[PDB]
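Shown below, as structure tokens, is a lone chain in the form deposited in one PDB entry; questions about how it binds or moves come after it.
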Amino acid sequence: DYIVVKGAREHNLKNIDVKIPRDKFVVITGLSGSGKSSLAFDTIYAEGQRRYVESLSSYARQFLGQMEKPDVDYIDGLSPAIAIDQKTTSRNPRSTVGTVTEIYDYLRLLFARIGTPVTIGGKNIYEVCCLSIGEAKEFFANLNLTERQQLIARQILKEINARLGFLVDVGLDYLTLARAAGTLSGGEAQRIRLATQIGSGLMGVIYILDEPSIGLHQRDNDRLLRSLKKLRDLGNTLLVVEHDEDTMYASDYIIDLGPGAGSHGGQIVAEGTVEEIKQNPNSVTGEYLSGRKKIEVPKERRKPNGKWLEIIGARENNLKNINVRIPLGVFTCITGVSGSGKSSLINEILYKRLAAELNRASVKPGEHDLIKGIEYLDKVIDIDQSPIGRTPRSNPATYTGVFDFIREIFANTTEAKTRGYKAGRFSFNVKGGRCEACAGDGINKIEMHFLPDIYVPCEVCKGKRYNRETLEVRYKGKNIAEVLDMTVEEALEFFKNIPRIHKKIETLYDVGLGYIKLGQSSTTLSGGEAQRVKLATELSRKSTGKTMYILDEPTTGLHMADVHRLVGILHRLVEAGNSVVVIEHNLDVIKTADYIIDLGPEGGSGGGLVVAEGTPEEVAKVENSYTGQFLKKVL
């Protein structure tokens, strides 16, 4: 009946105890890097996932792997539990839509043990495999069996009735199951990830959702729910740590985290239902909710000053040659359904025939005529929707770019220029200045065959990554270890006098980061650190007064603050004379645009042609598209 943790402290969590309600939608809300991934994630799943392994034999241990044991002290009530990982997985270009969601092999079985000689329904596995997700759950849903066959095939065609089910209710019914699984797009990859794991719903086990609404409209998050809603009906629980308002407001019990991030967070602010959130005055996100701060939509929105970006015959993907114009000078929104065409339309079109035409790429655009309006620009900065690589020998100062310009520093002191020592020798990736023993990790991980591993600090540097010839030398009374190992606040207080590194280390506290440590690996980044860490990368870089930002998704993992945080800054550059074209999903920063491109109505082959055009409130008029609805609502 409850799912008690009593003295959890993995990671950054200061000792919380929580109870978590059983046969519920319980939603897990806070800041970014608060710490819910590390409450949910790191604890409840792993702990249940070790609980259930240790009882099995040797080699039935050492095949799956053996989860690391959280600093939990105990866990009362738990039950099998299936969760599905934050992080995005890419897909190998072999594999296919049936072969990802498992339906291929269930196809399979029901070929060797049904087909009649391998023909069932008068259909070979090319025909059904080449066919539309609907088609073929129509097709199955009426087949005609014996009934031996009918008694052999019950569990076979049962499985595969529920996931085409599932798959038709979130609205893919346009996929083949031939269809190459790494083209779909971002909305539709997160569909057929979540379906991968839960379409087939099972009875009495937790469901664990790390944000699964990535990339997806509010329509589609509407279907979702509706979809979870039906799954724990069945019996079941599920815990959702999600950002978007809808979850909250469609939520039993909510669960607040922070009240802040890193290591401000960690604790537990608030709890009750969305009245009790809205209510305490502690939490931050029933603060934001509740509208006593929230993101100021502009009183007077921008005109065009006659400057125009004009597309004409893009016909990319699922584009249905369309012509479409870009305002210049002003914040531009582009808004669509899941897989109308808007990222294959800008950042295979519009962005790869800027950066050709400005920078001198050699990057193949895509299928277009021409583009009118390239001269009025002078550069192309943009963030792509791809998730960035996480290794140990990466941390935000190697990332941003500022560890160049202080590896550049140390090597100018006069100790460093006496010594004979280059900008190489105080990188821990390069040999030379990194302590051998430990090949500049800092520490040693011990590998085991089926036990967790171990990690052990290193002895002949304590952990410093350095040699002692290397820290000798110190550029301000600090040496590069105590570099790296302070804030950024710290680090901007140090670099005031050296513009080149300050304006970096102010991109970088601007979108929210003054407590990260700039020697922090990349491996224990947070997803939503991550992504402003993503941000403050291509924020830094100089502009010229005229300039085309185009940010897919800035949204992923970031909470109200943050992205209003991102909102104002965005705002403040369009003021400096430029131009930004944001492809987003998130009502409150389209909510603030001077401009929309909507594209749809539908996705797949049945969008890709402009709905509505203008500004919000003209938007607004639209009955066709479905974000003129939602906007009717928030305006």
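Positions refer to the first chain, counted from 1. Between two forms, the rigid core is defined as the largest C-alpha subset superposing within 1.5 Å. First, how it differs from the form deposited in another entry.
- Just one of the listed positions, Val488, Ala136, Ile501, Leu238, moves its Cα by at least 2 Å between these two forms when the rigid core is held fixed, and it is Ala136.
- Core-superposed comparison between these two forms: CA of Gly272 displaced by less than 2 Å.
- The rigid-core alignment places the CA of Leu78 less than 2 Å apart between these two forms.
- Superposition on the rigid core between these two forms places the CA atom of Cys461 less than 2 Å from its counterpart.
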Contents of the next structure:
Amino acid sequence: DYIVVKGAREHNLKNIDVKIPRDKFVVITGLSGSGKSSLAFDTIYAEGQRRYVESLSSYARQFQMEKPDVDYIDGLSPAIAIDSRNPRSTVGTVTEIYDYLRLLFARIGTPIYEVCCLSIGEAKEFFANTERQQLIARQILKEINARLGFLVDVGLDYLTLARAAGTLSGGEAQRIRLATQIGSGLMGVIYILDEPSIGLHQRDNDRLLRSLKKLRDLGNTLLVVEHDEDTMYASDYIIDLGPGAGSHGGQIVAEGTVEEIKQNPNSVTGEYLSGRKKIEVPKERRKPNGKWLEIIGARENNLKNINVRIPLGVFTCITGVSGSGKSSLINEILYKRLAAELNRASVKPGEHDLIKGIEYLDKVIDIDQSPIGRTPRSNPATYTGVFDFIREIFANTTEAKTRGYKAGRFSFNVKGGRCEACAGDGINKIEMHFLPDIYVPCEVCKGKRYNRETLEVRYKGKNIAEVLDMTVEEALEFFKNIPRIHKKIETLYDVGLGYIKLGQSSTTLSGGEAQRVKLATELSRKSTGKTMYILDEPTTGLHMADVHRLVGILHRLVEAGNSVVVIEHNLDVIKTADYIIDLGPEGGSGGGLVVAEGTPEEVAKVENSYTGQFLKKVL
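Based on the form deposited in one PDB entry presented above, generate the structure block for the form deposited in another entry.
For this one, just the chain is written down, with no partner chains and no other molecules.
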């Protein structure tokens, strides 16, 4: 009737104990980097999967989850966790249809293109329209029909089998994954969903919530990690972590029904839910000053030759259902054209007639939708580009000049100035042939990543390792005088990473922390007073407080005289905009035209847009 976890100390958990009810819809909420993903994925899912698969084949197991740093878990059950630009990965590989087709052509084929090029619906119709062949391929046909039906019911029936999954839209891919993993008709299995509401419109989120409720009604336990109010308002239990983030959080703050979290004063999530902390709605929207940017005849992806006008110098939001061509309209055409015109980028734009008003701008800055790449040779200091300035600082010291050390001698990724015993990693690489790997600190350099000769050179009494092993808040005061490093550190501090260290490995970063690192890196660049900001889904993996910080900095940038366009599905960002362009009304071939356009109130008055009705309800 419960899952009792005792002595949970994985990552940043401060030896906490929880009692997660069974056969219930329970969410895990908190700040970015607070401990939700650790507590759920790295402990409960890991223990359940390991315990189940330990009673299985050893070779198959080698081809499981590592043991968490926990004392004991009671009431555990087998766990399934739903939770890349790869050219060699298409719809057929993900849905396994391509494997079935290859096997069928190898077995009963008579010595392909018409099936791969055909859509899901066309292929299903063709399949539905000597008995030895049927006897041989009865199971293949049954599996093909089941997979096609699941994909059609997932809301992505317009896709083609030969299309690459790297270019696949977030909503369609997420729906396909949910249909594949949820459709098993099992009972007594704990399901863990790590942020299952990314790249999904409100209607898609509602359909996913209905599907999850149906799955839970079978007699399962739903443990989802969510940041959206819609998900947390449709659950019977909430486990709130915190009270802060990073080393300042990792313990349970509040627990219970959403009303209990609302009444709880120690929970930031409850305060943001009730309304004690809220994003202020602008009383007076910024009216356009006559400066407009027009694109005529969009013909990229599912574009139906539409005309849209985006004002310059105001807050602009792009809305619509998943697959409605928001990215195709904004990124692939506008960003590429602006980059080619201004930054002299050698990139080919999308299919369009022409764009007016380009001369009104002077610079373009963009944040795409792809996540960042994780590597142990990177940290926030290297990612944001401030590490080069810090290395120049350390090479500008009198000791560095006297000893001849160059600017590249203070980096662990370049030989000649790093601990050669650990190859600059800082820890050894002891690995197990058939067991999860372990981390052992390197005793030659004691984890400082630099040898004695490098650490001898000190700037203001601190060597490179000390400044790498200290947080952004301290670096704000340490580098106050010098303007460039101060600006970069101030951007990192304002984006919300005032607790993280400058040398934390990116592989250990959370999704929200990496997202905020990317946002700070892109927004730390110089603005000339007339700049075009194109943000594509910036509030992903971000709590409402981080969303508030991002909205504040974006509005400060807008007030500085620049223009901002945000492709966001979040109502908090949408309600603060001054001009909303809506696309749709359906994903795929069913949409690609402007359902509505205007100020948020005008779009809300529109009775056709789903976003219009959602905005009317919100306002």
